[PDB]
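Taking the form deposited without 4-ethylmorpholine (6LB), here's one chain by itself in structure tokens.
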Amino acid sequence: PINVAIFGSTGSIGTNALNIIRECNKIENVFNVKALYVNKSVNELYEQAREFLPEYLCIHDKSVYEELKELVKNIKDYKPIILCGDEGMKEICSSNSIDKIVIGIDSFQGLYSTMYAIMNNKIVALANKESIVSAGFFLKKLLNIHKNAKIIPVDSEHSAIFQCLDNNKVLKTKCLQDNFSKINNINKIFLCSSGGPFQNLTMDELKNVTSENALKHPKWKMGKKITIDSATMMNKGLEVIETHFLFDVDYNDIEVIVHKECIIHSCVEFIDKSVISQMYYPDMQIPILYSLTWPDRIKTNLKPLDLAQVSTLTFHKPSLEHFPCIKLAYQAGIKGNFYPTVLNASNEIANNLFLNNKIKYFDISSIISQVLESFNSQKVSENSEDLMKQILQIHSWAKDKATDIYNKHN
């Protein structure tokens, strides 16, 4: 049985994870859900506990902790360990009965739980791209210390890339390791993008797009922050840096391609120039499931891909003039050092300002650019603890610098 913990079990990733676990378990008993962790959704967590009966429950918000304890008394033949806060999280990661941890939490807590999962040598199914972009150096160092820990990518394009690799090679290395691409014979990556809602818009039209334009009638329905990043293509920019760190692919060997059908999820060109790609309907259940079944696959009842019905797949180059956030991401990744930390942090601020109708489309890239221009490279700390503090300091500085730029112009 695959023993799995879900962190952020009521968010999008966590709920998709439990859905595919439920459906697969109907076919064959394959997963044991050992732990669920949520912030504050005490009722939703009780409902999940009633179904999956995990050994561990944890809620972050101490003010709903007691409520959770009595709710759970309602469940027949069930006596879970019920914990709360950061230290419940740590206790779950240290448990010897847990093998794989799905990280469906953003920002701080996401990276923090990831760190604890790695320290305990677990398999970590990681969807949070911002943590790889911002703290890649730290994750790489930590993965080198904890030799049995592994990050398995859940971001759909990175899952696709991973699924295009020969496991006889993968098993000789692991993600985020130097030489990953050499060992796997990788030459180049095609990183597929939906292109978002604005591919056909002129520069003058882009000047006036609004957050409602970006959010309304969403092709793929997802959270607000990522929807805005899809609209600017900063999502793909982040995902370029994510690719580089996960797979040790040089930036000149990563090509963003706009594939509006979202059937081909990304492709890998090997050193003989043969190309392998992964394909399915847009659906996060496949990337999540693979992260938990790797290096194997199990049966599902998902809708089979009907290629004849799909009929046409298309591909075109993104215009860097229209989507300047892509160029900024490449520039930051190529400059290296903590420029990716800076890019991510400034985008966090700029994205949210645009979301809330405070700045315009090209102001997003303008602010990010100015913050990047304001950063001086720093010597990279050798010490793991010092390195994490350096990342946090830089993240905080960059957010502040973005906000200060806004406030001046405002």
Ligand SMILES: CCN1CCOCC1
Second form
There are 2 protein chains.
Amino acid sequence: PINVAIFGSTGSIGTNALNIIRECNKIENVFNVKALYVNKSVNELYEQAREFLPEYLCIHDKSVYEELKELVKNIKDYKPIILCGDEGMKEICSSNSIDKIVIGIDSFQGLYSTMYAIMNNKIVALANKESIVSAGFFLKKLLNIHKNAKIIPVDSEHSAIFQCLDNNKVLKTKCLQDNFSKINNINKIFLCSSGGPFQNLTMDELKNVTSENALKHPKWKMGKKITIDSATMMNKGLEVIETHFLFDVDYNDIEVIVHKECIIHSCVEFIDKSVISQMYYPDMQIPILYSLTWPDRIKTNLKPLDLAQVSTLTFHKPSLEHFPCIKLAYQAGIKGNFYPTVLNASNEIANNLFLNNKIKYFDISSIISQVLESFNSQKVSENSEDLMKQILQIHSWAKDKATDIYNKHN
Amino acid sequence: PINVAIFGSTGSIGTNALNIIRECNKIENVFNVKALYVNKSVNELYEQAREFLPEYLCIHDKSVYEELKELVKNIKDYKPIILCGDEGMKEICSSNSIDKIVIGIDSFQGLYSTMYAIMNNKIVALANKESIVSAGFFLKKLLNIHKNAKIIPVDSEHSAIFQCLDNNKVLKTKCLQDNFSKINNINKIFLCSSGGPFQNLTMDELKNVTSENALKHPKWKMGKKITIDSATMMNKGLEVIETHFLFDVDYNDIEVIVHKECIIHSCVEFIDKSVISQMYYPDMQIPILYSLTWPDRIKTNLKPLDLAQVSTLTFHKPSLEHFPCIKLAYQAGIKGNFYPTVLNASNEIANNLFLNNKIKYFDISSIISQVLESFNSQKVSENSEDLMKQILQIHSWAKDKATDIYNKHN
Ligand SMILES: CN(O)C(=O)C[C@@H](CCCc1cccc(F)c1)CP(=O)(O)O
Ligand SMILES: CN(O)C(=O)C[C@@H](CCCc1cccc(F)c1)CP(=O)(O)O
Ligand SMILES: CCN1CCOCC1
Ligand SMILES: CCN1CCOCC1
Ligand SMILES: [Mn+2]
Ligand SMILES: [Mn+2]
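For the form solved in complex with 4-ethylmorpholine (6LB) instead of the form deposited without 4-ethylmorpholine (6LB), what are the coordinates?
Now the full complex is given, and it begins with the chain already shown.
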């Protein structure tokens, strides 16, 4: 049986993870949900606890810790370990009864939980792409120290890439390890994008777009931050850098392709020029499931892909003039050093300014570009605690710099 | 270094194999071409021998054997073993210096060479689909006796399927084994078809199509027999049965899909419902190369697939009313026993009758149907020699029955 912890169990990734676990367990008992962790949502955690009966419960917000204790007395024959804060999270990661940890939290809690999962030599099903973009050097260093820890990608395109690889080769390496691409015979990556809501707008139309336009009648329902990133294609920019770090693929060997039907999730070209791709309806259950079953697969009752009904699949190049965030992401990646940390942090601010109607579409890439221009490369700390501090300090600087640029040219 | 024999080195498969071998060897010395075998083309074989310098040369036709000996004296620093006939073929298959054998011969000599390759525990890169359809039971039995022998598929769709599988699972089994699909977590197959030249034709138009219509300026340039089979979609019907035998996939789990662009070569749905597909320009060099490099891949200088330029990929269901040969193939496969032998043999006759303007389009399916209706199931021989004789006798009976039906109606 596979013993799983879910970090951020009431968010999108967390709820998809529990749905697919529930459905797969109805077919055959394969998963034991050993731990659930949430930020604030105390009642949603109680209902999850009543169904899944995990050995561990944890909540980041200590104000609702005592409430959680009392609600759990209602559940028949159930004596869980009930925890809170970063220390509760550390205790879950260090349990010998947990094999695999799904990271469905963003920002610091996502990086912090990922770090502790790796330090305890766990399999880490990572859906927080910002952690890899901002802290890739630190994650690499940590994975080199903790030899049995593994990151398995959950981000849909990176799961697709991972699914296209031969496990007889994958098992001789691991994600974020130097030479990953060489061992897997990877030549090039087609990184698929939906194109987002603004894909067919003229330059004159793009100048006027608002966050309400991006959020309204969305093709796929997801969080506000990623929805804005999908609109600017900075989601795909971040995913380019994610691809480079996870798979050791050179930036010149990553091609972004707009695939509006969202059936093909990405493709891998091998050194012989044969191309392998992964396909399904747009649904996060498949990527999450594979991260927990890899290197095996298990039966589901998901709807089978009906290719004749789908009928038509399309592919085109993105315009870098319309989506300058893509260009900036490649430039930051190629420059290397901590420029990806700076890209991510400045985008965090610019995204939120646009979300809250403070700046226009092209101001997003303008602010990011200016922050990148204001950063100087730094010698990379050799010590891992120093390296984490260096990343956090650069992240903090870059957010402040974006905000100062906004405040100046108001 | 990979020691390879090519049987039928002057045919389409053989010439494509030597081309990709040549081109890969320019990049890195990977292949040693150890043997070449042709029917009658002494001059062509001499030219191949001058380039590839194989240890063995063999020619079926005895009347050009001495001609071959004297031609080869012109080649500097070269003393090959020069052989003739079925006896030379057997000697090549028993050589300890040969590891992999490409079977690019059709009809009996294809099956006969495959048998000898398997008896000598070789890797057999098999392009002759008719041998799998007709003699699947016999090949399966032989592969269970000779445990180190393997069949690796070269037929493009079956190569695609094979390339979509995890070699960490494939290496626990082999093609044509019972439980192959179970070990590989296969649920269902999408078997891609070009559709041939007649997808837009009405039933009344199909009634009058001729072999010239099927052959003149076709989509893909290939031999006359397969071109006719592509027009009727009996090519795909045979490939359904091939899929069943190679991969132990139930007929209800094989779906034929018309994909006119011929970029996606087939797809595999796994038990979780994730789908993997293999893609490239239509080109036999990739399937041939993978059969010789499996479980590894090597570098080529082939043109990279440009997905944006391709732009659109399409999929639709074939009409069984318009292409009744597909229905007949499924019916024969599902009925089992030696009905696939009968299907293949009757089609051999009907195809050739149509090719020579002796019968009409729907007469092809009419003749095949009638021969199928005229066959009675037989107890399947347990002895491998009795089984081979049983298959050959049924093959001969079915050709004769098809010819008698034609003659009576004529
Ligand atoms: C789902 N995922 O990993 C995303 O990054 C969001 C993508 C893809 C949305 C469609 C999709 C694909 C796969 C699963 C899913 F839930 C939803 C939007 P893009 O940045 O390409 O414009
Ligand atoms: C190539 N191949 O294995 C065929 O069976 C011929 C097919 C496919 C021809 C296109 C093609 C695909 C892959 C390689 C290639 F050389 C050519 C014709 P169909 O029966 O589907 O109408
Ligand atoms: C040109 C804007 N940036 C890109 C990243 O490198 C610094 C400069
Ligand atoms: C209906 C025509 N045939 C199909 C194969 O089984 C025998 C009958
Ligand atoms: Mn993604
Ligand atoms: Mn084929």
